[PDB]
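All protein chains of the complex are present and in place, except for one that has been dropped.
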Amino acid sequence: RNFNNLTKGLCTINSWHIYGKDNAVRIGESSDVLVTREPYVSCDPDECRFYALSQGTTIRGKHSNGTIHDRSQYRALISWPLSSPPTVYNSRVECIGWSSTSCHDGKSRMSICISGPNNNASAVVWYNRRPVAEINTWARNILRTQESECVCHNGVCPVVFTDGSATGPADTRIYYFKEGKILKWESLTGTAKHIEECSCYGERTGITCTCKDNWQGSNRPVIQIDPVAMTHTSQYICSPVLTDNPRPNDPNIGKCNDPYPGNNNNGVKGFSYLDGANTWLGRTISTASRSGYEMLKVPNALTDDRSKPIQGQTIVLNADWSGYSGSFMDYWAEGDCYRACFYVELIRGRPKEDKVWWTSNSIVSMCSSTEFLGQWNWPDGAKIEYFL
Amino acid sequence: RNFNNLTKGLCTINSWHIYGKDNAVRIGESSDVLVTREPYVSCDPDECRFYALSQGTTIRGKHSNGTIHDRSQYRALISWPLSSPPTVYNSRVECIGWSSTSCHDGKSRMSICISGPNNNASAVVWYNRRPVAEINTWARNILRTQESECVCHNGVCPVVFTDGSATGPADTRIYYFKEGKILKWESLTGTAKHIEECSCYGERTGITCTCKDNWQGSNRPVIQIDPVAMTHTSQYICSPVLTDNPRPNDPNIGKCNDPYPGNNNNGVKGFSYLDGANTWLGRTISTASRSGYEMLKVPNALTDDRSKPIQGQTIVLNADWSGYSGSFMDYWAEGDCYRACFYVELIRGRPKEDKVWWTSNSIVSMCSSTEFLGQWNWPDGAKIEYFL
Amino acid sequence: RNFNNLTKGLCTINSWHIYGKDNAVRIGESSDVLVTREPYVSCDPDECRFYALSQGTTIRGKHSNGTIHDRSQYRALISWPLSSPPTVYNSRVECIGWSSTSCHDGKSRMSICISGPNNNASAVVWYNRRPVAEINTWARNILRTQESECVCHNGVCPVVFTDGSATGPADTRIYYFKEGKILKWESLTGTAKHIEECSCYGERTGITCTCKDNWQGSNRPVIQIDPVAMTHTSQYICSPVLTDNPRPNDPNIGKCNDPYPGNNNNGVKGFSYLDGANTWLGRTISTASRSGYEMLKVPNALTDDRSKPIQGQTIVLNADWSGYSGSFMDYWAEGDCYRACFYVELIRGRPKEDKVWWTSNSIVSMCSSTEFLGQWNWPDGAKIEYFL
Partner (left out) sequence: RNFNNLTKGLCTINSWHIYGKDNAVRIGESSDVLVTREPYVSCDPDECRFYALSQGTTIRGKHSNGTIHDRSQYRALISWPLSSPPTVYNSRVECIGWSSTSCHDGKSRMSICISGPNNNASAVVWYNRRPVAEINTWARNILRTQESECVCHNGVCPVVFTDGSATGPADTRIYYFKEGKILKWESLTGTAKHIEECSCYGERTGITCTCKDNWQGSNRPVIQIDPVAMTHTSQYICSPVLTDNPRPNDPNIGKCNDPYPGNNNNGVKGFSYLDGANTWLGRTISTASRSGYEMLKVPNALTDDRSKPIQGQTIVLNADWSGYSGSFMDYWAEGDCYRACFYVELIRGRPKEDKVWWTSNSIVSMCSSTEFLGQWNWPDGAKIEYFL
């Protein structure tokens, strides 16, 4: 085995096809399915798997009561087979904590979990299923990271962290790991003003991360990372097609170097694929809440502050709950291009559905097609009444 | 590993022996067994497994209510170990959708799932557990495929699709895949007038598919495919031993080139082994409904429009529910011949048993013997009253 | 991998140590544990596993009602990891039927299952998880075999079958298989007058099988098989230490060449290790029913019709239910000798405990020690009241 190198460009994205769906909440109505949230997907050279933060209880279990809470000692990053649900019996624990990232470098997998109280959190970096390095909180205010997969090049895997205020200036760092060891870290530079929960992908041009501005922005900040020089830059998606949630209505001029205003102290993890005319943006359909999901083809969205959609695809109807979304790719697939993929978290339970006392989710996932495929919509599919 | 070649003829079929049975509904009365339908069986070089379309819920789960429905977003092709039941914890998801086929080419497995709304469905072709090619609906009317295994020769795996009316002329295509990539497709030729749900097997003479005519026919259409030239022909089984369901009584002259009339707009997936004097036909015992199952030795059934049974074997009593049936073989077994095999879907629940609100099934499977073995009958075995 | 050869003698048996115990009924009170009976143990070169005939239902499942019945279509030979219980999710189906044997030859495993109605049963011989040969009933009266492991030498694995009356003269055959193919079979010769459910083991002197006489005998018939010449002889254990159940009290003169009388038309599967002064016999403690279990050191028991115990060990108290017992050894263990092992079936439920409507069992297993170890007793451990 050799370290994977990012030698390919993105495949042409003409539509999106169904990749995976686990129907976790449906199945969990009568099965030992773990309560989760903050899911994602990540590939090894020989297998792709679902990931999520467990809440250390099943949905039918009485301990599901209160799982709207974000940061307990009973949480852990788990992985399980593609499109299976996360069950007590098929879930592999990667590490313990309530914020995570994970990625394979071609030889072995790095996984990172953050745990601890708000003012005293720490990250533990696992490599090849062993703890290798540790990072203590530097701002004493909820040290947190991506909640989706990281990306590697020639053994080097960058990861974005944030420590500090959720509602003001914070201390964001980009760490560069190799075999779990810290090669270098640097403070955030560029014009992004607040950074959380970056969704990343790699291609021959480097590594691209689409994050969340939780402070003042409803446009998404972008961090572009050179994994060889181990340097980065940041800005926002220039496009007036805004992709945070909640968010204002789409203007006709976006912002490249500053937060687009209207919604403060909130946001949702999201993603994009920024690739010239091959650019696609994901967002919730609702501007008010985490419902619905759509992909929009927005040429040069990253750099064009006038750019508008020329094509689209509905993934989840606005009538259905969505949630977090993020990027991943199978870097070990055959062919001459990397096929763009993403997942959407379909949150069920609280706060929006409070007849139950739990909060969980299921997963739906799509990858790009060079065909122009017909579209469906993909609801979680569970009936809340069944849980009462 | 090399691509498998179809170098052997069928073993002499003198009777049928029990190969597998999962008792899924019995066990699912008190276990986390997934609701399924449209099952089949397919072999890898080192393992044979059961396959089926899950409904994304267990039988005891409250979401089992309404699983008579064919095409939800909660369906997926799953596989699980031979004669185990399809449980939440032992089922491997092959792809997402509500119509499927799957086969191993000697090196890796190709799986195909179709999903989407009726007027906008698409097929995704997986190879070695990765999505490789996609096919959009060409007639905008429930793009659908075999619901049993495909067959490969030297890397080339043909698959029969249909798009269009279930009750009139439709657009049937034969696709030729290699490592999941589309080599060629062609429109249906020959005298078959309607094609659905082909059951296929391969032998030195080529690949033989026995399908269903859902429009006007109660004799079964046959497609014969040359996987090297990548060409095909079609007709019907000439025999007056009719093997669709529902169906008229057996006449004394069959039809080779046209549907045998009497029953319109219905049918059941079925199969046959067409091999000169070594020919055996499968069918439900009832002419009215999906109950019972029998094998009949009908010499030259394919080409002889007068051919009658000279030997038989009951598989399922008429008193017991059956359903779909299809062909598979272990192409990687030892010996000088391919041993013919088949499965029978044993449907329980709706519409025939409507005291419950679900529809599911279990599997029974037989392979041929050169001995003349005593016969048993093989019911699903579950008591519906237990589910009330 | 090479075929295993029987090149060692038995280890000196000075006592018995605990080898395995699955506590299946205890655990099955609240878990998806399959109803079983007729268990045994058998080793691969890299793993030893528990085996049993499932009833195709869990204990808590409503279909457990009526599992006192011996021969349904819902039975199958299953295997599962050593001392785990047989669960829906961890059990591997070896073949379908209601009477079985199984053994590894050093390269691959042969498994045999018999299914069918009483007058039309057939055996299917699997090798390396594929069906290879089939045998039709020759006496049309419950074709049946060992219900414990077979033994192989240089690829040749003998198996004892019986077809015919349970209460009179029957047709017993010894089959010789290699890679699942039938090399030879022969009719029973020697002085044994009725043969069922042989328990076998192999050592440098050949293969020794201790069986059950269900007709007139309460001494156990013995079949000694030369796996190279593929020939055999038979007699009874000469010892007056009688080891069937039910049975008369121990006399002072046994019978070598005829059934020891007193109990007709009944018996229990059992075993022995016949090795000169290193001879140990297993039996139920009760003479009336399947309760208790003990090992007795009886020098030259096979050939000495006066032989008596000089040492012993209680395995199960008479107050506790037992059942079938049989022999197995790890032929792939290190060292200069084969360590004798056995299992005892601990039957719970009907007919003896009829407040429940099911019949199942758990397993306890011991292997020999060259030490003189202290003894314990090993009950099933489940409380029937919990199931009411």
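Lettered A, B and C in written order, each chain numbered from 1.
Keep this in mind: contacts are C-beta pairs under 8 Å (C-beta built on N, C-alpha and C of every residue); 3 or more make two chains touch, one makes a residue touch a chain.
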Touch criterion as defined above, residue of C:83, C:148 or C:327 at the omitted chain: C:83
Sole residue of C:182, C:183, C:337 or C:373 that reaches the chain not shown, by the stated touch rule: C:373
Given A:134, A:334 or A:354, the one touching the chain that is not displayed: A:134
Touching residue (missing chain; options A:20, A:86, A:97 or A:227): A:97
Hidden partner interface residues of chain C, rising order: 17-23, 26-27, 29-33, 47-48, 81-85, 87, 89-90, 330, 333-335, 339, 367, 369-379, 381-383, 386
Positions on chain A contacted by the hidden chain, ascending: 32, 34, 56-58, 60-63, 72-74, 76, 88-89, 91-93, 95-97, 113, 115-117, 119-122, 124, 129-132, 134-137, 179
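To be clear about the criterion, only the chains that are shown with their structure count from here on.
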Contacts with two or more other chains, residues of chain C listed in rising order: 89
